[PDB]
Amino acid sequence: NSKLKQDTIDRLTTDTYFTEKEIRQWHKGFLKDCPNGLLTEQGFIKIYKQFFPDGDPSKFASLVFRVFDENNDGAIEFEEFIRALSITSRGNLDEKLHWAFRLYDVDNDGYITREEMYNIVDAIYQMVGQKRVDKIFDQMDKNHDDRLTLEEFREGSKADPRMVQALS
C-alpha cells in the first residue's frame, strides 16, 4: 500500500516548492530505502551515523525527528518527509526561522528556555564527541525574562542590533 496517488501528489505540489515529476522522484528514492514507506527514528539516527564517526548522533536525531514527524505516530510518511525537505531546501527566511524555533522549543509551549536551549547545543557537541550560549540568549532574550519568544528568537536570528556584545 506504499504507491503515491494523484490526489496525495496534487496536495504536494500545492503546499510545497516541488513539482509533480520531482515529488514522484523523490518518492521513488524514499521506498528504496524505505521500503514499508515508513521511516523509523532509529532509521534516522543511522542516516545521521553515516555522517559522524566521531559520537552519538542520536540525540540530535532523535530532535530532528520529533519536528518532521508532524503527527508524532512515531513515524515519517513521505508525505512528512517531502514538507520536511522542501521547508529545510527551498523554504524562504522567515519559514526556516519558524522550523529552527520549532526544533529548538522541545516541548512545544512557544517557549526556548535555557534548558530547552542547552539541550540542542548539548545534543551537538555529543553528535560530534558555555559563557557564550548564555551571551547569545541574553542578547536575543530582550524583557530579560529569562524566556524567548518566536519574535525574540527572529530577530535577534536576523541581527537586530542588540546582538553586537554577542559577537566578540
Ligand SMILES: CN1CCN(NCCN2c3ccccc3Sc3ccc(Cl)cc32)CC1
Second form
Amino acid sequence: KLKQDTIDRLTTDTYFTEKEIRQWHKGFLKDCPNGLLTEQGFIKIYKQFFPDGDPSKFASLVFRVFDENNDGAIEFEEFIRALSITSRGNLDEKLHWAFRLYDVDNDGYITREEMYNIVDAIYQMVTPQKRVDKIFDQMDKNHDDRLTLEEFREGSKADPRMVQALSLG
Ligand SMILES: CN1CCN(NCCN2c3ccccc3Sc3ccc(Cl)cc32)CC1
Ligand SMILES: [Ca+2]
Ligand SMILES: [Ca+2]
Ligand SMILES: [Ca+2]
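One more: the block was the form deposited without the ligand; return the form solved in complex with the ligand.
Full complex below, order starting with the chain above.
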C-alpha cells in the first residue's frame, strides 16, 4: 500500500501535491497490482498511444531511465519522480533527463551512435543520419566525438531540436 513516509518524501521531492500522488497511486495499483511496473507493461503503455508504429524500442529506452536502481521494475516512487521531472521540471531538469535518455550506456557522454539509436527509436514508434551528424558536429565543441552534459545543455539552448523531439523543450 501507500506508506506515509513515501508520501512525505514525494510531496517534498516532486512537483505533485499529496492529492495528485494519491490519485496516481490508485491508478498505478489498478494497472500494476504488485506495485511493480515492468518493461512489458511499460511498452503496452506506449503501444496504447502509438498503435500505428512500433514504440517497443523507444519505450525500452525510456524504461531504463525511469528504472533508476536498474532492477527491471519501476516501483511507484520511481514512477512519480520521473513523471515529475518530465512533465513539470524546469528547463535544466528536463535537459538533464534528456541527456540520460540519449546516454544509453550511462557513461556520461553522448556518442553519435547513441543519438542515432534514439532517432531510430522515435522513427519506429512514429538523409536522417546527415541531419543528426550536422547537429552532433555542431554540439561537439572540442571535436572528440563525445557530448558531455555541458556540451548537450548549451547546444540544446541554442538548437533545441534534439530535445523537443522528446517533448521536453
Ligand atoms: C522522451 N520521453 C521523455 C518523457 N516524456 N513524457 C513522459 C513519458 N510518458 C509516460 C510516462 C510515464 C508513464 C506513462 C507514460 S506514456 C506517455 C505518453 C505520451 C507522452 Cl508525450 C509521454 C508519456 C515523453 C518523451
Ligand atoms: Ca526500479
Ligand atoms: Ca554513452
Ligand atoms: Ca565533446
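What we label the rigid core is the largest C-alpha set whose atoms superpose within 1.5 Å from one form to the other. Residue numbers count along the first chain shown, from 1.
Comparing the forms between these two forms, the C-alpha position of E155 differs by less than 2 angstroms, with the core used for superposition.
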